Amino acid sequence: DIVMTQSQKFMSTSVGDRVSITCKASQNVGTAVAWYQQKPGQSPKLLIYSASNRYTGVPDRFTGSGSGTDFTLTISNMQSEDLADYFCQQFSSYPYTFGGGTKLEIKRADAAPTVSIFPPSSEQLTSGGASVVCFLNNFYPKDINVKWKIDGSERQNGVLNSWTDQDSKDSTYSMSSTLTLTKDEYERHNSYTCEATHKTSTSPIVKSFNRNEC
Amino acid sequence: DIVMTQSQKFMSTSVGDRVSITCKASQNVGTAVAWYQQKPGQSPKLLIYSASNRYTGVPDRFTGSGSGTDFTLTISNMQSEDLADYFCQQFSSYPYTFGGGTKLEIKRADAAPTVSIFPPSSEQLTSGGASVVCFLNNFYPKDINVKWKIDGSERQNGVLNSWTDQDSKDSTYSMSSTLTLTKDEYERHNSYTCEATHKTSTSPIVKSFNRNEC
Amino acid sequence: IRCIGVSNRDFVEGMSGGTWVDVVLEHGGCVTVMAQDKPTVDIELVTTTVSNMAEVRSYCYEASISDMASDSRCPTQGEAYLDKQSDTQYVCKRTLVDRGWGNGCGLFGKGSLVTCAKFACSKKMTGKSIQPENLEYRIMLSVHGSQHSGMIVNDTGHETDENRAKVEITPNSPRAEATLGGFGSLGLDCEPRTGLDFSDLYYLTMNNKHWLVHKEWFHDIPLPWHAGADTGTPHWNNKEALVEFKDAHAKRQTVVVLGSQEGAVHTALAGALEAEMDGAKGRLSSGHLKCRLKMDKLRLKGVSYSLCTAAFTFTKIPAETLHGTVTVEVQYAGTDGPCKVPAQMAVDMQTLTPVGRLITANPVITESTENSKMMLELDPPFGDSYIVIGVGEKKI
Amino acid sequence: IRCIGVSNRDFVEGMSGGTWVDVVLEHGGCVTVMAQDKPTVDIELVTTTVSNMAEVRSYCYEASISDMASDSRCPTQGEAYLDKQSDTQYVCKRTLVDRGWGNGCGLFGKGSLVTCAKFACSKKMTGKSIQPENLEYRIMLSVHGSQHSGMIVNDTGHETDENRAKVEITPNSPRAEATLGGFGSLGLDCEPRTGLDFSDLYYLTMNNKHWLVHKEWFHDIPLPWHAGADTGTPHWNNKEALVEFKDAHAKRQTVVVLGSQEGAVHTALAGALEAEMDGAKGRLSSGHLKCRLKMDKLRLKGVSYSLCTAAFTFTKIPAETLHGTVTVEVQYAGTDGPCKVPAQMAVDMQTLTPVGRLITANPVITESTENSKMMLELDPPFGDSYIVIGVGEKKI
Amino acid sequence: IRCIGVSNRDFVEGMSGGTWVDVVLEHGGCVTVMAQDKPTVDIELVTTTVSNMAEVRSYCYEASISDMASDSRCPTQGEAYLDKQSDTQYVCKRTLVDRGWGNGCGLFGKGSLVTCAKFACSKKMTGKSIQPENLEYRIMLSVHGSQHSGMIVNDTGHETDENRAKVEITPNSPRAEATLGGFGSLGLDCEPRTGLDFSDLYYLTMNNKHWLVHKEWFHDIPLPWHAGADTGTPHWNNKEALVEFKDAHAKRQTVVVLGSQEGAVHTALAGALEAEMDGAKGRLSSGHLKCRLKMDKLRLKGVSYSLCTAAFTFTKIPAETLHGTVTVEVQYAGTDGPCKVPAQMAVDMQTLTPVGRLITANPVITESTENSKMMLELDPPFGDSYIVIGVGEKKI
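Residue numbers (the deposited numbering), protein chains in the order written: chain G, 1 to 214; chain I, 1 to 214; chain C, 1 to 396; chain A, 1 to 396; chain E, 1 to 396.
Be aware that a few hints might be false.
Unchecked claim - The calculated SDA-like cross-link candidates involving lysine to any residue, where the alpha carbons are at most 20 Å apart (straight line), are:
#1 E:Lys166 with E:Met151
#2 E:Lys209 with C:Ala248
#3 E:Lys316 with A:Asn134
#4 A:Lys395 with A:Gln344
#5 C:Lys124 with C:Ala54
#6 G:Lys107 with G:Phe10
#7 C:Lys394 with C:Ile359
#8 C:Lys110 with E:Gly29
#9 G:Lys199 with G:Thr164
#10 C:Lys209 with E:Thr254
#11 E:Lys395 with A:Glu162
#12 A:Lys118 with A:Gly259
#13 A:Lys290 with E:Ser385
#14 E:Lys118 with E:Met151
#15 C:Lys297 with C:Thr179
#16 E:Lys373 with C:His266
#17 C:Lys373 with E:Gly104
#18 A:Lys281 with A:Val213
#19 E:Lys118 with E:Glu240
#20 G:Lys103 with G:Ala84
#21 E:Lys123 with C:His266
#22 E:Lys246 with C:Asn208
#23 A:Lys123 with G:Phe91
#24 E:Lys394 with A:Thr170
#25 C:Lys110 with A:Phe198
#26 C:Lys239 with A:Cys92
#27 E:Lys124 with E:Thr267
#28 E:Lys394 with A:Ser173
None of these hints come from the bench; they were simulated from the model.
Using the sequences plus the hints, can you model the full thing?
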């Protein structure tokens, strides 16, 4: 079966940029390639068919090119409505495989996260589970890494991270990072730390508390 | 007039890679996009027409996709004969503008340049001009920067750099960097240095001579 | 006025019923309405504007061919289809051709060729539809009396100076009443949708020119025609017949462009009106209308005055017009309020009896300027008659 | 052998024209050649293989429709073309339809619809061409004599064991000399290109079945047909007529699939031979050939022997065959070298006289095994008669 | 060779008149001469070149107008001539037009306008004359015998190989003796000035294309025509009729370009040969000649050889040609000095009698290479027949 590789899963762009989305077929597919865009909650919409033909109603900003194994969708003068997921698909032979997708997001000035740490609530500590929450809010770019420590020792198991979609007004991202452990383990340690690595600081932002302090 | 932007002017690829070449139109061009490949000394050859249709005789490795403003040429399972310049072109309205081109070259293991420095020949020094030559031979990748110094002071004016095409057998590049100055200035200084910055070394390769030494 | 020299003349003298006179108007000519008790009114059509047209079909004046390629499957196969047959936009013709042995394959009887060529139009000609709605007309009208004969043709003030008025008539309003200040207002009713015989005429554009075409011409013509509803990229019908793919007893099938036809369409159009346009809208000129002119309220702009004293001179001397009317300029140096001017066409001398119709109605020079001009015109008889102006011994 | 029960029988009496006997062969039947100069030779056709076929046209048994869309331009207007008309691969039909008023646009008169649908075939049927070159035949032949009647039908000794040679005949070789070891060799000449009447028969495949079709059938049939020369993606001709785009009388134009036709082609084919195939090659069965059999060198291997002693028994008892011949099995317990077996069809016994033709030629049991079998067959006269075996007082 | 697949075939039986056989040649077809006194010689015409043409008249496909101006002298007063009437190069038409009164001058009956416009042609079409002198021909000819069937169509050698020869024929030399090395030389006499019917055909060029035209067409056509003898600057004749200066009933006289005609000339030309060129000499292709072929000296090179041993194995299998001839390739593995190749079309098998004409003359494979090819062709009788090659038991 043919593999269609979109190596760039995420692209950050400014309005007005020339956006280049690449699709590489694992074998020669001629010109049998379509491009779609998809927005959340909707079915995909066809942009380009048979490599280089623009579908009716699609803005002339979109152009497909290429043949053989290498295909390109170019968006000239990118507009905010072009933020979407983009997929290629081949029709040379079954199965009619899709590329992995490229999600186009918008660039803005870098912004450091605002980080806040929350010990387990008294109500959760009746349960035998304990969650320590860090919110990392209103940052850009999306790339960020959170490292949790308990009494100096890194903890990787039990960490759950959730990200908001890029905000429609301020173009930032926010993230919750939640360390869940047993209540018994939580009460055997004092120091809890979440460390955020982000390009806006040469060293991570550190939020930490001592459980028994006020 | 419509601008077709190919933001990647140079791409390095291995045989078998999925190559993605992107073309972005400055306004919506529907599916009115062609893709060509061109080899040195030849006219371009059509690969894909109207965004997504593969021309007869073109290997099925080539597929065009996209519509609107964003077009992609995908080369699946890239072969060595696919090394070439690739261009998109739009036919939505006059002028039928081309993208800026993407030159596909082949990857190999990194290789440090072999650097050799040559003072002006006695025969050139009869002329009132003086050229100091550095050859930087058999390196990979192509990205390299040469800085010239005379008695410790950088000299930028009068430097001419020339590169060979990627070698057809060993896949390396070579470069000549020539610093030309007046004979009078050349004989007023002793130390001449060419420094080559390249990814194969953490600090540049330095070749230097003292004019009056042997 | 808006009359005289026009040389296509219609006099209508039947002002019977309550000003019910009905008149036809032709962009070439003009009809003058002369009715006892009513100043003689000159009607002429000018320009019939058409606006809010829509596109219908189109054609290709000049063909252009791009990439010719072919393949052949040798005797006993089908016609091997090129990729170019799947894109439309390419002419293709499958023919039978001998490939004998060193043509590469046994069976020397007859194979098949398929030749194809990209087909891209150059220039175009786009019909347009004209509907009776959004159809206009322009009727300028003027009244003889005696205004300055130099003003016979002017537009700078078609709504103030003299008794001129520019009347519009468009479907959703068959009637327009033109108020000529002080003469009252001429009731005017016209059938726009009837006269000009539209709905049968597509409006047609070659390069930078225009025409009109009876349908069942422009609907049936043998050229490549775009579907006309979408301008994004041409997806043609036809395609052939501006491109002749022809072969000669051999391995070849050739293809020819035909070198536009733009000369044909011209030499083809005959008995089609010329037309011009100033953008979205366009102005034909061929007149037809049926206008029932209501003469009801017209006040004599020359009653209850004295007779202008004695001091009449000819300027430029009289002349004969076309159907036989005579025009006169007279400059009354008599310094008086706006006053009536006696004129009589008399056959003879002494007892000056009126002879022949005087059609200016009542010439009344309106100025205080002490030197004025009035152009009155009248149709005398055949026999050597006199034109006479004035009542005093100084009459000329 | 390769005979008897086959029930379609042809006896050819010959040994005159120097073995010039000419014979026809039909996959149903078999002809036995009886010639005094020869042992009686049994010829039968088996399978006529065809190889190296090529594809010609193809069709769509089962249509499938994908995306139906339409647009309309209101009143007179070059049916607004959808984008789907530029890709081929889409059926499209432009029809006239009333759009009145609240259909959105004045003149609720007659407008135009253009409906289009992607058209993608399901399954297929692909004709194939058969040419006289690369045509084969298979003729198995055997010789009566007396081999073991249980061997009447076998294909293990196709290349060994008494009479039983498998002869190939293909164009570039009308002749093959079949060497039946010890009987000499039967000269055999056949016209492959003539008999079967090919070049008029396209080889045809529905899903997992096969046929033959006279041309001027398969060339003319009304279904969507792929051009047949390229398998990359279908670019159809036709593409209507398996899809009926029809409308009612309001605002709609609908489209229907037609639910394959695969039942039609079957019920359509009549008087078309069935066929089967193993891979790139395929095996018809309907025989026709004109074979001139050269009987020249045939050496009876049953001459210059004694007469097998007395010890004959019937095994399975005699029987009647079809056209009236009789077969006999006899097991000679006589232990002797390979020996000749006396058999005579006698009319009574008043005087043991030969009556009626004995056609096995000379039955000769070849074994040293002291117990052997020989199947000899003979056609006795009409009236009652005896079949007699042996010349000793132990004869049965 | 230079034959077979061509499908327009003429066989010309030998001539007992001493190689006096007379033959016609048509660029479409070819005639093969079969004469027992000769090896069978294949003649075909290829290209008839015309050189040293001269220009006659010319025309203007596309008119262009420049500066329109006019003046009028009012009633009594000839047509006031613009300066533009003295330069030629300007169209001018003097018409009658009403100037009434405020048109500036008394006498409202009819004046005169003179309108003029510079007239400058765009593109052109220039006839050229073709004279029987400086007319050429090209006849390629080849001889069947033995030769790699792959060489049936080639030009690389026209001056070498087996015997092909490229013969020129031009007026001042009706004859050329073509020496085919070792076969002697074919005496060839042709009437160049007669056949093609020239002197009635002007050679004609639109933009980048070509034709032929019977005179009394190109001599009479209604377009502006340059005098053709001088290229310095056009001083036209005609110059109306590609420009229509027209005007309605007013003060105006307008002028129109007509938008070339280039589409007309094409659609006008019908039944006109299209001829390509390459600079100064144009190559038509339509053949006609009367060639009396002198067969006098033709020496069969296949006499006084042995018969090539056994090792004959067809290739490409045989095939049927057009008028019914058959071609055969045979690769004689058996290697010797050039050895004659036996071939007979036999109506039987046993005793092989010659049946039907063998027309390759005497096939002789010339190589020492031990593996060679020879393409011999022959026309067997109507009924079924064998093609036979060889004399040894290994014959196929």
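Right, here's what the structure says about each hint:
Simply put, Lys166 (chain E) and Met151 (chain E) have alpha-carbon atoms about 15 Å apart, close enough for the 20 Å limit, and the pair holds. As the CA atoms of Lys209 (chain E) and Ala248 (chain C) are separated by approximately 16 Å, the hinted pair is consistent with the 20 Å bound. Simply put, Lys316 (chain E) and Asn134 (chain A) have alpha-carbon atoms about 11 Å apart, close enough for the 20 Å limit, and the pair holds. Taken as a hint, the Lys395 (chain A) and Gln344 (chain A) pair is honoured in the structure, with Cα atoms around 12 Å apart against an allowance of 20 Å.
This hinted pair checks out: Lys124 (chain C) and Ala54 (chain C) have alpha carbons roughly 16 Å apart, not beyond 20 Å. For a cut-off of 20 Å, the pair hint linking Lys107 (chain G) to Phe10 (chain G) stands: about 12 Å separates their Cα positions. Using a Cα cut-off of 20 Å, the hinted pair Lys394 (chain C) and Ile359 (chain C) is violated, with the two alpha carbons roughly 24 Å apart. Our distance criterion of 20 Å between C-alpha atoms is met by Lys110 (chain C) and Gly29 (chain E), whose separation comes to about 15 Å.
A C-alpha spacing of about 19 Å is found between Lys199 (chain G) and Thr164 (chain G), which places the hinted pair at or below 20 Å, so the restraint holds. In summary, the hint linking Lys209 (chain C) to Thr254 (chain E) is supported, as the alpha carbons are separated by about 13 Å, within the 20 Å threshold. Under the criterion of a C-alpha separation no larger than 20 Å, the hint pairing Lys395 (chain E) with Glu162 (chain A) is inconsistent with the structure, at around 29 Å. At roughly 16 Å between alpha-carbon atoms, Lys118 (chain A) and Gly259 (chain A) fall within 20 Å of each other, so this suggested pair holds.
Between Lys290 (chain A) and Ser385 (chain E) the CA atoms are separated by roughly 12 Å; this keeps the pair inside 20 Å, and the hint holds. With a C-alpha separation of about 62 Å, the suggested pair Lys118 (chain E) and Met151 (chain E) falls outside the 20 Å cut-off, and the hint is violated. Taking the CA atoms of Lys297 (chain C) and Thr179 (chain C), the gap is about 10 Å. The hint holds against a cut of 20 Å. In summary, the hint linking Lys373 (chain E) to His266 (chain C) is not supported, as the alpha carbons are separated by about 64 Å, beyond the 20 Å threshold.
Among the hinted pairs, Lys373 (chain C) with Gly104 (chain E) is consistent with the structure: their alpha-carbon atoms are about 17 Å apart, no more than 20 Å. Of the supplied pair hints, the one linking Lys281 (chain A) and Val213 (chain A) holds, its CA atoms being roughly 17 Å apart against a limit of 20 Å. A hinted pair counts as satisfied when its Cα atoms are at most 20 Å apart, and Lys118 (chain E) with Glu240 (chain E) qualifies at roughly 12 Å. Annotation: proposed proximity of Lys103 (chain G) to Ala84 (chain G) holds, straight-line Cα distance about 6 Å (limit 20 Å).
This hinted pair checks out: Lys123 (chain E) and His266 (chain C) have alpha carbons roughly 19 Å apart, not beyond 20 Å. Distance check on the hinted pair: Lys246 (chain E) and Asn208 (chain C) sit about 17 Å apart at the alpha-carbon level, within 20 Å; holds. Between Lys123 (chain A) and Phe91 (chain G) the CA atoms are separated by roughly 17 Å; this keeps the pair inside 20 Å, and the hint holds. For the proposed pair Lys394 (chain E) and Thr170 (chain A), the alpha carbon gap of about 17 Å is at most 20 Å, so the pair holds.
As the CA atoms of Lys110 (chain C) and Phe198 (chain A) are separated by approximately 19 Å, the hinted pair is consistent with the 20 Å bound. In summary, the hint linking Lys239 (chain C) to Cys92 (chain A) is supported, as the alpha carbons are separated by about 17 Å, within the 20 Å threshold. Note on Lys124 (chain E) and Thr267 (chain E): the hinted pairing holds, with a Cα-Cα distance of about 17 Å set against a maximum of 20 Å. Between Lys394 (chain E) and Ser173 (chain A) the alpha-carbon distance is near 12 Å, which keeps this suggested pair within the 20 Å criterion.
In summary, the numbered hints that this structure violates are 7, 11, 14 and 16.
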